[PDB]
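Trainee: Take a look at the letters that make up each chain.
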Amino acid sequence: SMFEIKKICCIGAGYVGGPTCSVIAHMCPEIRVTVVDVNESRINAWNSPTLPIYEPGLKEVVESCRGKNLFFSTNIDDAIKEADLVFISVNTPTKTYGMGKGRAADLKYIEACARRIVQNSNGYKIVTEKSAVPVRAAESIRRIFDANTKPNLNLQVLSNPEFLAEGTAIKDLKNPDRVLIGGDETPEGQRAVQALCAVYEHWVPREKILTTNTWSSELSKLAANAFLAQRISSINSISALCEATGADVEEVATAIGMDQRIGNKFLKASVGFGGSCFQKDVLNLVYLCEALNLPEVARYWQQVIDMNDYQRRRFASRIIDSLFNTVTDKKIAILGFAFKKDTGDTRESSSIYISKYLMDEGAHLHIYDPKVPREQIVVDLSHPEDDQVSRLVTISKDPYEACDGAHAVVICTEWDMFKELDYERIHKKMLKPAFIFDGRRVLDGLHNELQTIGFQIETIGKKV
Amino acid sequence: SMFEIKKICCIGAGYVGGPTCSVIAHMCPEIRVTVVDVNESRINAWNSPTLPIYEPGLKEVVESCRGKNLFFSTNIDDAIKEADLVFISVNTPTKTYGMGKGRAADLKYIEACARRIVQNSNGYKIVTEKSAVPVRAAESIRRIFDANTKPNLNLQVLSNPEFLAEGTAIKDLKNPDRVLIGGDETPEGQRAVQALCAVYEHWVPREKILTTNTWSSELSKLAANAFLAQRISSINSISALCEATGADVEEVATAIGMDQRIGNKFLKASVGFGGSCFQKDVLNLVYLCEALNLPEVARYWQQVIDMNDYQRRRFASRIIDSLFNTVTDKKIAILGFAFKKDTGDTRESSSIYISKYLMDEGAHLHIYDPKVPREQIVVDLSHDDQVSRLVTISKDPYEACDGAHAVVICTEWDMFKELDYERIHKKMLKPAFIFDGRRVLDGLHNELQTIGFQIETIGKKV
Amino acid sequence: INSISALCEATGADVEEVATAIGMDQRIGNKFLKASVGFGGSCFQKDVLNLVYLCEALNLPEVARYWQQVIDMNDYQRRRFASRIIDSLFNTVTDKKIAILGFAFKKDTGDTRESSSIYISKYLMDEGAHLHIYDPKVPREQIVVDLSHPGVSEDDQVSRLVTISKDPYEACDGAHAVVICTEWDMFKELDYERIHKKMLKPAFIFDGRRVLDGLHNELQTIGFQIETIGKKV
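The listed protein sequences derive, respectively, from chains A, B and C. Numbering follows the numbering used here, with no gaps: position 370 of the first sequence is 370. Numbering follows the numbering used here, with no gaps: position 223 of the second sequence is 687. Numbering follows the numbering used here, with no gaps: position 161 of the third sequence is 1087.
With the C-beta cut set under 7 Å, the calculated list includes, among others, these residues of chain C facing chain B: (1) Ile1012; (2) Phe1016; (3) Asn1017; (4) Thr1018; (5) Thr1020; (6) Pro1128.
When the alpha-carbon atoms are kept at most 25 Å apart in a straight line, the in silico SDA-like pairs for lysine to any residue are as follows: (7) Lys268/A with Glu649/B; (8) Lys565/B with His1075/C; (9) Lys638/B with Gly263/A; (10) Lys732/B with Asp177/A; (11) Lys1048/C with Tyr573/B.
What the hints contain is simulated information worked out from the structure, not anything from laboratory work. In this text, a Cβ means the ideal position worked out from N, Cα and C, and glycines have one as well.
With the hints as constraints, model all of the structure from the sequences given.
Mentor: This is the structure we're talking about:
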């Protein structure tokens, strides 16, 4: 309102900072947006005709304003000096050792940015956390600024979390459900908050811009992903009950989802949710609870993970039991390795875990995924040159090789192609009894024809 | 359309059967709908100008078709003989003893109906469970029919659960989010399912009528109330974290609820959910899981109740710590006793539980609620000497607050934001606390701090 | 052998076939291998509990717990038998008439001490069952004592819920279930066709002693659901 952002700097040219800043430039022609990164190779790519990130619509957005008001540079320090607003958009990996190993977020990159910003800054700037951060991250940035102050240096700290999913990043940026901005409840804080609102007001309606305090903002990002993951674990818990009673989890999911207060999204049973966001955010929320002496809340959210873990384990057990509790040297087809369809991302994929369970039985796994690189599958199934993987794991170039001589076909990722395969042919060449374990309900409605063909076909959330 | 339902009999003239059948008759002029009950007094009332159930819109519906195609009668046996479709719409109270005491559903009334139906039936009929039943209830009706069969007796069993809330029953029947009908995956089951679909098709669009197997149908009713309860416990869990960090739970709930995949309903933090459906249904789910050797699933759903109970307990503890952990002969005002605003219903009301905690500290409660009858409050807080010594029921809020150390809002009635707080302050003992258990005073905070209250609320840091 | 009966019910093996096979090994012997709803009498539980207590007194918790299993198993065998009954009646037995045939701890005596009939009857009382109890030797006064809350000369629950029958046909007349808890030889000679006519349907016979073995097809033809210990349903 009073203050006007005219220059933005984004430290971090990854999957958050690049696209967000590209859309900001596209929508705000009068604002100069400079995306910076230490990685010279990456910056060069952003300035090339082959962008380092593939996202539908991104190329068009970047090419429409790069060189006009959108810039990519390795000159971090100059970008900061010039900036009115600086986004910090670096990753916060999970700690791999020490207090909170495996669960707590590691602020090392956030801290390095804060130190660098204060070292290169004079006068008034707004500094905004854009990466997924743990609650209190802004407190730390503020401590660093307060401890390294200079005359006439006035840095304001805001939180502005990202709500982007892979594959929908541009749509999500152009037409967001909401934009969330957190700042202090002081006149300074509210000045800063309003300045960044005005940026988003160039293309987002005021009623979709939610302003909060900084802790509410940070906590909403974590909490939102926990609520989404909870719906999957809840419908997965129902799937177990369906298998025991004769109910069908897709019928039940549809019935529950038609109540508009619950809604019909995120109610699809599966072998288990995956990706780099759901488990990580829930565990981060559980760690935070324990750290604040809220064990009841900690144990309440831990259930979302325990349930996902159980869902995977019981699926593996149905497989193994159906093979008479011996799978040593039995060939099994694993169709699908990505954590979900239409990606090559294997981070926390249920396919990894199902696979490790069968490896632990001596299975000879032939794994097919149309999009995941074969080197990645080998890494994911290896211990942190791995003999168990080279002894037990074959990566198949087509799905027929993977089923050929197999005892079971296990569908772990919901790629659409898997429902189109020649199952008559696959049946001829399998050992008998021939099983199909559908971990994604993707073969619904082929059931009768598959049983006619001769398969024992089994799925999640359906009684055998 | 092979088979056409032309006569419907509903056994049970209560809150479910009466209104549902009244709406069916209203919407299906060619169908004769006869609601029966053993309780002659109640039937008479359904035939009177003062219906035994108050529901907005119900009188108009009933008066528009009673005596034309809608009938209420104590002649249960004739209605069954005539009927093409018989609804069983009786209560299934929770067992009060024995295996599953306090959690399992008691099928005695459902069984009695089934046995009576088979005794009075010949030929083809469709029998449909309309009451909230445990999973496998239809199996039991089936077993009874199969065990007491007669030549040419062909009874088909369907599930058709109710999704009505008090106060919105007519709206919910005229314009339902969905109609759910479960039946066997056999030609005869599908024929039966289609006949009942056709009844609903007189006024509900086909895309809103969901057909399933019988177990899916029974399980969906229980699961829906459980998912809804989970949202409240989930946002309540966040409210604890807000109090510890400085986040505000209403800011967080808005942020979360604007994601269209989550939605913005049922995300209002409180001292705790209540009512006769949520805890009951979740507990029945937990019991069914244990029975079926699904302990992981059981413990997943118990968290919904354990969280609600913790929310109530930590709220009471805040109140108690604020008066130094000694409330004995302290006067405290409880404003609101209903489980939610705009009802007299106290079933599983968080006000009961808050109040019982303070009573266990020796607090003198003065309780006001604008619609709950006094005798209901006395019963709810009894096992009674602890009540008569410690509980006073006030005819107005100002009495209850007069000379109180604290004012505790437990039910979100709109009138509580309109009270003369300057007045209440003049007459309270100092420090004068208001504990808002419902976020109903949000936005009066600054001025209430100005007046001199130490105002505290759920999901906000002190 | 009771623990094996549970496994028989789960798999399709028959506990009497298994008992006979095990017992023909002369090192094991064929005595005391008869599956039941549970052992009773004034000796077994008391002596085993005494032994367990001695172990704990002597800091031998491993031996204590080894022997405690003989009791725990017996309690489980009782509880799961009652649960079969109750589950078969839809988990509600309030005001249902159920015949209890046999109250003595074993046949051919009036001794009821620690009889499994007392425990199965107490489980069905906790469901509100209306129990009609018949035994050819046990005095009626002793049954009333055995089911009463001790130190209560007139129990409200016993007089509301329990009827002592002077004949088995009275006990089964209008019953949902006939529960045989003691192995009296007379029970295999009963006129079951007659019993079936006047029972409510579905009509269950729960044989807690294997005393109706070989009658099963005949009882299924008459139209009973006949269930017993150590046979799959």
